[PDB]
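One chain follows as structure tokens, the form solved without the partner chain.
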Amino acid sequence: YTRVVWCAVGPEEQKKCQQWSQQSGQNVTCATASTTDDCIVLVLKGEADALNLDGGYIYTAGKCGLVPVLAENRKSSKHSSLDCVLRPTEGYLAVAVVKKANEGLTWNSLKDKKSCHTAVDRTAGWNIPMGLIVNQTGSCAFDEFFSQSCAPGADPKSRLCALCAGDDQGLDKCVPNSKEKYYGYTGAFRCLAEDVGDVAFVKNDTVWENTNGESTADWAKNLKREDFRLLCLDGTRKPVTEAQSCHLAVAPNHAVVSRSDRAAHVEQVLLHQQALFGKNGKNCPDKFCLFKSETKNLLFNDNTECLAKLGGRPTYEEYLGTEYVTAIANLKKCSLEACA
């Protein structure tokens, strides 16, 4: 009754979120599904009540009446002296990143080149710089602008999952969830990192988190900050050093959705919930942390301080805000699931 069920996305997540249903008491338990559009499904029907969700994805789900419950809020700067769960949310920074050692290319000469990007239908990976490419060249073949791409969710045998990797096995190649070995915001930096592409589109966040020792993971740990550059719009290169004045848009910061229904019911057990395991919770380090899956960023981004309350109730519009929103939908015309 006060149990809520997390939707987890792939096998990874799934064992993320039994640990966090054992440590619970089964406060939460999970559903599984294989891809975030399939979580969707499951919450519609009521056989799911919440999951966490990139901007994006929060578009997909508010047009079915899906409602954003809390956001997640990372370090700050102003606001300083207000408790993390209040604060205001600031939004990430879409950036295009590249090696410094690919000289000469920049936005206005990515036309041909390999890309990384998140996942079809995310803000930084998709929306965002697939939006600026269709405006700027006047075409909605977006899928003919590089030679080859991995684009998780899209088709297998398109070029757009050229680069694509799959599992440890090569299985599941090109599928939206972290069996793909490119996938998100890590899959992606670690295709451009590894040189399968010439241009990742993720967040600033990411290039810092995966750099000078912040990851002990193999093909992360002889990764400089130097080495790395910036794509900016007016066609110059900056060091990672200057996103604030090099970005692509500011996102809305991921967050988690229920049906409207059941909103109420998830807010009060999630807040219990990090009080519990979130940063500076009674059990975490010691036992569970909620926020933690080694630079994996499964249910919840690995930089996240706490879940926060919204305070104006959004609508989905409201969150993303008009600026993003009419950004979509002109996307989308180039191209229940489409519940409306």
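Positions refer to the first chain, counted from 1. In this text, rigid core is short for the largest set of C-alphas that superpose within 1.5 Å between two forms. What changes on going to the form deposited with the partner chain bound:
Looking at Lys111, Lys78, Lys224, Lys157 after a core superposition between the two forms, you find that only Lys78 has a C-alpha shift of 2 Å or more.
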The other form holds:
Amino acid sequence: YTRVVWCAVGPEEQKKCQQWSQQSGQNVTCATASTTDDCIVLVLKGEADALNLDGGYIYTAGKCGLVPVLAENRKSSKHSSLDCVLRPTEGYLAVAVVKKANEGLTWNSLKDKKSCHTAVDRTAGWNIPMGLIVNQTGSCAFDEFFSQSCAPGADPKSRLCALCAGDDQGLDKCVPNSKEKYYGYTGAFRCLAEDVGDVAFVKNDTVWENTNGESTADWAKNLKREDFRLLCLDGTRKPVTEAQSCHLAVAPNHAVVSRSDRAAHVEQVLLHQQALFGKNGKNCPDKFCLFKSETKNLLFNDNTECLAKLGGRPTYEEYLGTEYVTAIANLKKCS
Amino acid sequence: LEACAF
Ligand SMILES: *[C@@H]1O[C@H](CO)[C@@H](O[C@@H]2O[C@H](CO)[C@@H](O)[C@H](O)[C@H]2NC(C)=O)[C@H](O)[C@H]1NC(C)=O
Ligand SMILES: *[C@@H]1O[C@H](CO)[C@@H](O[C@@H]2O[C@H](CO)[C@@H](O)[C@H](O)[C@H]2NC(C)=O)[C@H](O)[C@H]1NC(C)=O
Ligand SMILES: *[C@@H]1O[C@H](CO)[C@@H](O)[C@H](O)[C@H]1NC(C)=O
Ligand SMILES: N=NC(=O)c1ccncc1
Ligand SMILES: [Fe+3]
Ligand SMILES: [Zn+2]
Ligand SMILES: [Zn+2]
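Would you generate the structure of this protein in the form deposited with the partner chain bound, following the form solved without the partner chain above?
Following is the full complex, with the preceding chain placed first.
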């Protein structure tokens, strides 16, 4: 074995990565970059070995020869005697969320409203919704569909960044890392909870984990699920309890990627690392938990039960599924 | 749909 160098995106992932590094006895060390794309560049250069990516990034990195190693696997919906590591991943539900009190709003009245996206180029917050929107409007002007948005990663002086808030000091407005207040699943849902935006494009799981006391964070601790509605593609609205019949698409689970070169070694170390810091892991909660960071989803989504092995040694296209792959392809024609 | 975008 040698060490595995993980790539942390932003200072909060860096700090968490260093805690992990320390606990692993340098078996895992850290490289840090300002963006996911930058981390994908470090891995390509061979300065970093791997990182966990959202589907939209798995596509980007895949075009560059990086490969899926293990996928995030969460609380299995069905009953499974199968170990978490061996269980097939189910994929998460991408949804569009609005305030119940925002009464006139349906999927069909989204034009000129304010939007909250996890980040440009991501599955639930971006590829799915804009793909859908571009298709339905028959126009590639997705930068002008919404009057204003927070879409971390877009031009900071553009409308797509208008609603973004930057860090503590108001710096880094719209950067695609956790320093941006409205970045990622939780940040985009916060953007909605605080009424900065009219709709948030996140995943089903995010609504639940930040409402009804599930989150103690100050902005979320008082949020209640009844106050939110999901927007279905048929123009109707439903309670956040009906994501199964009111989502925009099913999305491929985030997955760890690495140089094909190091795929095997990276997989080795992570299986061992989660046996140590995963859910029910030997040293979690006692010394360190790889899948916790207080609803901030650093390095891995906090709801991750384990990293699962991938059946069929899949290519990035097979991992993502041909439907999602063409979906992304078409949307990129637009740029 | 081919070249690595970097
Ligand atoms: C959407 O998200 C929530 C939370 O991730 C799902 O509920 C978790 O589901 C597990 C297993 O199915 C339960 O054991 C947990 O108690 C639920 N979490 C919470 C915080 O309530 C919910 O099932 C999801 N909905 C769909 C359609 O998948
Ligand atoms: C937007 O529409 C495009 C093209 O109409 C969709 O891409 C097609 O997907 C179907 C269904 O998977 C494939 O059989 C076709 O071969 C694809 N056609 C083209 C032109 O590439 C895409 O599914 C749509 N975008 C989303 C995300 O729904
Ligand atoms: C470090 O890696 C070695 C070699 O695989 C392993 O025996 C040991 O358990 C690891 N230590 C920690 C704390 O990860
Ligand atoms: N990558 N595979 C997935 O996560 C998945 C995609 C679609 N349906 C179920 C699971
Ligand atoms: Fe995602
Ligand atoms: Zn569906
Ligand atoms: Zn295959």
